[PDB]
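Take a look at this one; I'll ask things after.
Heads up, one of the protein chains got dropped from this complex, but the rest are sitting where they should.
Letters A, B and C name the chains as they come in the text, with residue numbers starting at 1 for each one.
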Amino acid sequence: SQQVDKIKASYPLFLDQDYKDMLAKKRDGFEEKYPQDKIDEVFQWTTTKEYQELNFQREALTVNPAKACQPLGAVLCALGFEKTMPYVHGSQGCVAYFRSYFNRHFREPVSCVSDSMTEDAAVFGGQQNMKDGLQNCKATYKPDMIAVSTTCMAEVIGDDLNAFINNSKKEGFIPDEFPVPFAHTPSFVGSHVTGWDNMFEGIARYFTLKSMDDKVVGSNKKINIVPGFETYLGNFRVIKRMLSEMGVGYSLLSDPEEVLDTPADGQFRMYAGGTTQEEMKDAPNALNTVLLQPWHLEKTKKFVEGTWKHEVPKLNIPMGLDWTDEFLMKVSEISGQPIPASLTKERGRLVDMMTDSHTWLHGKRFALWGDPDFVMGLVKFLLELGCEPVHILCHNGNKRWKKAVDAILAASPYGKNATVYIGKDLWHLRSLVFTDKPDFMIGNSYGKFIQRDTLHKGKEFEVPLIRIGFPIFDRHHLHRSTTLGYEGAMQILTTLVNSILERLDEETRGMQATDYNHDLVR
Amino acid sequence: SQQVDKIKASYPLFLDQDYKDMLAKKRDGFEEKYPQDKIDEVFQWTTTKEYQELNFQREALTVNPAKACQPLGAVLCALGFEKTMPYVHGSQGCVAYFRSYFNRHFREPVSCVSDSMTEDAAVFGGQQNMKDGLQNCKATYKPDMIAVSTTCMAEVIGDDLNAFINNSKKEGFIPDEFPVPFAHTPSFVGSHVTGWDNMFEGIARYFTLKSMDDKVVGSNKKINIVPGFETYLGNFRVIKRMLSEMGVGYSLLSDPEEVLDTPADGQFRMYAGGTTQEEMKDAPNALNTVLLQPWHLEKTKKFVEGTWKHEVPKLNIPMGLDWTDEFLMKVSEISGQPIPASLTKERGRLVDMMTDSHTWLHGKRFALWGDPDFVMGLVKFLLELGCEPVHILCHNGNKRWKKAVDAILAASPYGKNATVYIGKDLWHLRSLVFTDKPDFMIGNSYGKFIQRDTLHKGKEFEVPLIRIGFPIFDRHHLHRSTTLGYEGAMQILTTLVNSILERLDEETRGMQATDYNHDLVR
Amino acid sequence: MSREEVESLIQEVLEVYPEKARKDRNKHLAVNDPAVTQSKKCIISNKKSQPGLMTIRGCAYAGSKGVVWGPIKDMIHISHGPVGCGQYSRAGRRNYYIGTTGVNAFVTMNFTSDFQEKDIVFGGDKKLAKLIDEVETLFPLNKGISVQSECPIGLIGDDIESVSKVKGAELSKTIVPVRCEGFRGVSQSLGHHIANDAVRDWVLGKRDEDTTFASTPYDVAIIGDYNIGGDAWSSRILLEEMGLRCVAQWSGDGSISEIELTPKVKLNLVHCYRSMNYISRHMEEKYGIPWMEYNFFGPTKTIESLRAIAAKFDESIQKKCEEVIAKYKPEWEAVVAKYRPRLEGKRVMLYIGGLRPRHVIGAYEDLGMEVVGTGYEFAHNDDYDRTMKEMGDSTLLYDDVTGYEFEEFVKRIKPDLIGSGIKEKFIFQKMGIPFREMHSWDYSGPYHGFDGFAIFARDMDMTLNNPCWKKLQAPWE
Partner (left out) sequence: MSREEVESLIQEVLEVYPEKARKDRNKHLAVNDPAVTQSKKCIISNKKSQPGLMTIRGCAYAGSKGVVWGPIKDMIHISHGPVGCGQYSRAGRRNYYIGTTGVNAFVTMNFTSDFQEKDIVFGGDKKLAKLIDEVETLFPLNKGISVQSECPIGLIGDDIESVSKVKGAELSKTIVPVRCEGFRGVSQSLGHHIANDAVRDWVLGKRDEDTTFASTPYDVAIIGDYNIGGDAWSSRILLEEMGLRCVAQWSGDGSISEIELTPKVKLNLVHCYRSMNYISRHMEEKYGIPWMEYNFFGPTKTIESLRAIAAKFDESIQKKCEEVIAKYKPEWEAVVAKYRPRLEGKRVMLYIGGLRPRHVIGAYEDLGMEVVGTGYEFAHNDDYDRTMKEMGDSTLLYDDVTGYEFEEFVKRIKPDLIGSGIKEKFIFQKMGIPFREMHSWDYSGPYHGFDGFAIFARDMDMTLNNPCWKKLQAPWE
């Protein structure tokens, strides 16, 4: 039943007595459910150290991974170029999924097309799909450029993207001068960040490889910035703002911030902003190229150093105090621009915030996961705050990255209880946060189920989730946040300390039991 | 006892069995405590409609007020002027309290001095205190200006600030040219916002009353901005940024944002930033004066219109969508500057966030309190979101303000269940949120005790607190936030929708009980 | 409205396409005439999508793993292949269930083989066998395993059928191989068909020889309700109030024992014909169980459905049906009285998957609303046969609509409300048109049944009449 003045949705509607009785009847009569005592015993067992040993002996089974496939990264990279249509050569279900994933993270329209290869292309290839799809896409959505990636169907059958596109051009399906960069993005290799790297290298090669003769390093007095796979609009914005404050000429290559933040003013803008083709053509003339997320920009680094002849600086991701300092100093050295007083003051304000919340931050134990560069930047900032990373997980990390993170940890006393895991998933992490309980988790929305499980063990065992990373599906507008630079460090510090204080307030709220510590002033 | 490797603070140390037993022994043996059944019965009674009827019959007793005394506002206003020392004529305990209050809100040093009047001044006045204090303050802290307010001791004995300061100047304690504006700030009248108004009017009069002869309205091509009592640094910053984007020349009068946000770089800066004396002297030459918080800037309005001859626009506080629009349009009309495309895009982005979050915001019921302008701006924005303000409380509001808020409420269907209370305190509001339960509270840190009480009734009766306003003592760095303009509206929208979703996640976390609704995607 | 105007609009929209794409897309757009019964003569459906045109369709893996098999709570469903497919589909669909996740229910988890290059080159059958052993060790209370093939499985020479047979015989466990590779078919619909075939071949008949389950003349099964937001529960309560015993519901909040018990029921109640007609027809042939379509969207359809279902049984059930209708009448009448004045006259366009574009029209009409356009991603011609008599004259029909087409149609028709999926939502919100998600119910619901109707009406009012839609134009421009 419903009351017209207070209508109830599924929660709490299904807690009504009639629904509870009906569900109990269903369970008892037809579900053949394991007895509740068995369920409790098995759950308790899944929280144990012996279960963790079994769980970490896994070799073939992956449970709740913390990564996606390459073409998602390729699509995100393609979205950062002006009037560019991401085009995925392969099956259309992949594109439906990529679009919905990005829709739910950004709450914004995401444009992407496929050439809808079917069983027929499994024996004849997808050349006809490519020709007709390029013609249809260009005619219908009027892009200035089509950036081609691949699904695993196309990769397994070995579709030659270069030959297909060249034949499409010769046969008049699309003009010969129409830019169609391409990249092979096999989903059984690496992850979404690798797909971003491959797509970016493809675009850069397409625009610069054959015209290097008239290129002179430093002639345009700019620094190229490659952000990598970035899902916080504030990060693009803060890099632009920081370079503008220094008076440093720059070229952000793959800038999707406008197309992912269009206003709601009565019209649908399929394209907005983005790196122009002229910027990509002129990039080799820059002073140097800075890679913001080097640990998944390796192929791009190889191309930029080998072909553009730029001496790409060895810089970490500009996260936290020290790495932001190092990034700014390297930019100052490259451009000859001094670091202005505004950035010095902003740095001092971040230090001020640190000195204030240090008493609440000190010694807090964290489990965290995400992409390699983001994870290592977060680890470095946590060590700067006097916090203890305990479980550091990166499903798509590698041995070299793990060694670098271990060297970061060894440089600080606060890294003594930390362990870095690569190739492990969120079921592994669930076991870890049961058997070596941290104070909090920092990760994406998939950590909410771990918080649910730890609460099921008991309130004293619950590990609250702090949502930083990608994807974030169960909160609104957090994609507007910043994690890079002093501003990002400030936002992260605020989030962390206020999560700590919110948990403390929750634990001390009980009247006449724990509220002796429910202080007004913290 | 303590374990050296896991040391416990008061919570949870005092939950140990030995401490529990000792406290039970203390209570049983020596406290003569009412039996727990009586305590439960009285609490339950305090949650009732009959108790609320008794509570709202109060005429002489105030419990948990939601306002402070005038000189606190006067000190905040004085802090906004360059190298200015707030000087409170009266008792030193008041200054200790003002400084601590602002320290805890801003987490920054707050400079303020007293002339330490004692019982001797109660008999013979505080003229000598004024002379010696002005001399000592100027000699020691080297201010460019001393802004004098009063505590209630000085007001009750009727100390003539004008005569005292003039006598100090003639007798050589301070130079005759040294600016010493003053204002009577009686704490038994109005509240802290009234003190801000009085101090600002005093400073403006001191700098402009006697030099009006050569003043020509509009000759400096600027608009004066008076922010009033403002405790969000983001608000000053957003007003400055928005006026700079429009290319509008402006003069922010009483700008304390620099002195309340100094960097931690190894030196203590007692003064920083602030409105200059030249700006105050030249203010009458502006095109017009805009008051950001008109409902406590009445005396300032009288002086600005009567003496400067500025036609002060009738504008609401620039909060929400419509009032930000109206503020920008009035500024455009006054300055002849068009509204630029950046502000149009920012407005469209706020509208986009509204459309993205409307399904979760719609129909949510709120109790809120704070200062009049802030409260009415929040009410207007909540009506724009499709939310239902239910209990609107302003302890320092008046009848005319209440009528204006009632007219705002009547203009929207979402205001039909709203009631505006003036002169009521947080004990009244506690009764209201028990007997007509809203979904959330929006207010300052004093609402946490109401959340505690509602939780004590039961989890189903708990009303979570959303901390917006002043003071905020139990979270860190929220004073950096913004509430004005499109940016402030965006921040508030994000806070509200994510508070809603966080509560929903909490209520649906129980495994096999309510987690059927623990959705990944919201 | 104004038929000739609508065909004009169809032609003007079509002009932008190249000739092959234009000729193809012309067959997929028709102006409705309720007199027409054979929809093949007007609109074409269930064809391949045009490359490069931004279709909304999914793949067969979505239709099988995402739709049919995934909701089965007490089984573990393995996404066999590279990491993407299981990750993008993890918990994206709100097929609600009661269980202890990770212990005895597994719906919102993502089990995958996470194919690497070596698994592509040297095959993945041995990895599959080891994975199944790992599943058994780590999730002992699971009641069966399904293997949902992604694209590379079909492309490379993997044979998951023999692995499933061998391992299932070795561990005495039901292991269901599903060849739902995403390149098969043209949409989610062949995914439905493949999944139904897997159910029939590996699960449905396990208890053909077992006769220990006690049956009654009032035994029914709910087929093709996936319990989005609790829809199936909100329908089941009405059915049981009518005096029927719901032995099984497929597949939302479904368990493998319920599937195995289905052949023992007296009547199959089919909600989604598109996805479960295959198994319903099979059950009628092999077990003699009749089936019927029903509709619990809005009070008129719900009342008609309850009366027809009760008519399939004795007089006592019919009396109970009249009692249920009488008991609920004031609730939906109060809903209508409160929300019809706020929605009367408003016009809606829809674009959804295989069933809901026609199934929800009755509820809109119960709120005095008109559906001026509807269409499907992957429906078949029988679905359009039902839709045309459901829809009014001169209304627009679109099959497998492209993003550009739907945008142009909306810009011309200018409906007051659009109901579609997540990939269209923000487009039309930017266009300033209220939008309700009609797949996930915008994380709201349930909408089925009398209790669902109140939520439906509240949601449509709160979105259609929201103040945000009046603020898209800045006062200065």
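Methods note: a contact is a pair of C-beta atoms (placed from the backbone, for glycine too) under 8 Å apart; a residue touches a chain by one contact, two chains touch by 3 or more.
Chemist: Of the residues B:42, B:209 or B:411, which one touches the chain left out of the display?
Modeler: Residue touching the chain left out of view: B:42.
Chemist: From the listed residues B:32, B:176, B:213 or B:214, report the one that touches the chain absent from this view.
Modeler: B:32
Chemist: Touching the hidden chain in the full complex, which residues of chain B are there? Just list them.
Modeler: 1-2, 4, 7-10, 13-14, 18-19, 22-23, 25-27, 29-34, 38-39, 42-43, 46, 51, 54-55, 58-65, 67-69, 71-72, 87, 90-94, 96-101, 103-104, 107-119, 121-122, 129-130, 132-141, 151-153, 156-157, 186-189, 191, 262-269, 430, 446, 449, 452-453, 456
Chemist: I need the residue numbers on chain A that touch the omitted chain, in ascending order.
Modeler: 321-322, 325-326, 328-329, 332, 339, 344, 347-348, 351-352, 354-356, 358-359, 362-363, 383-386, 412, 414, 511-512, 515-517, 519-522
We adopt the following convention: only the chains that are shown with their structure count from here on.
Chemist: Hey, which pair has more contacts between C-betas, B-C or A-C?
Modeler: Spelling it out, more C-beta pairs touch across A-C than across the other pair.
Chemist: Taking each chain's centre as the mean position of its Cα atoms, how many Å separate chain A from chain B?
Modeler: Their C-alpha centroids are separated by 38 Å.
Chemist: What parts of chain C, by residue number, touch at least two of the other chains?
Modeler: 90, 92, 96, 98, 100-101, 108, 230, 426, 429-430, 444, 472, 474
Chemist: Residues of chain B that contact two or more other chains, please.
Modeler: Residues 344, 347-348, 351-352, 355-356, 511, 515-517, 519-522.
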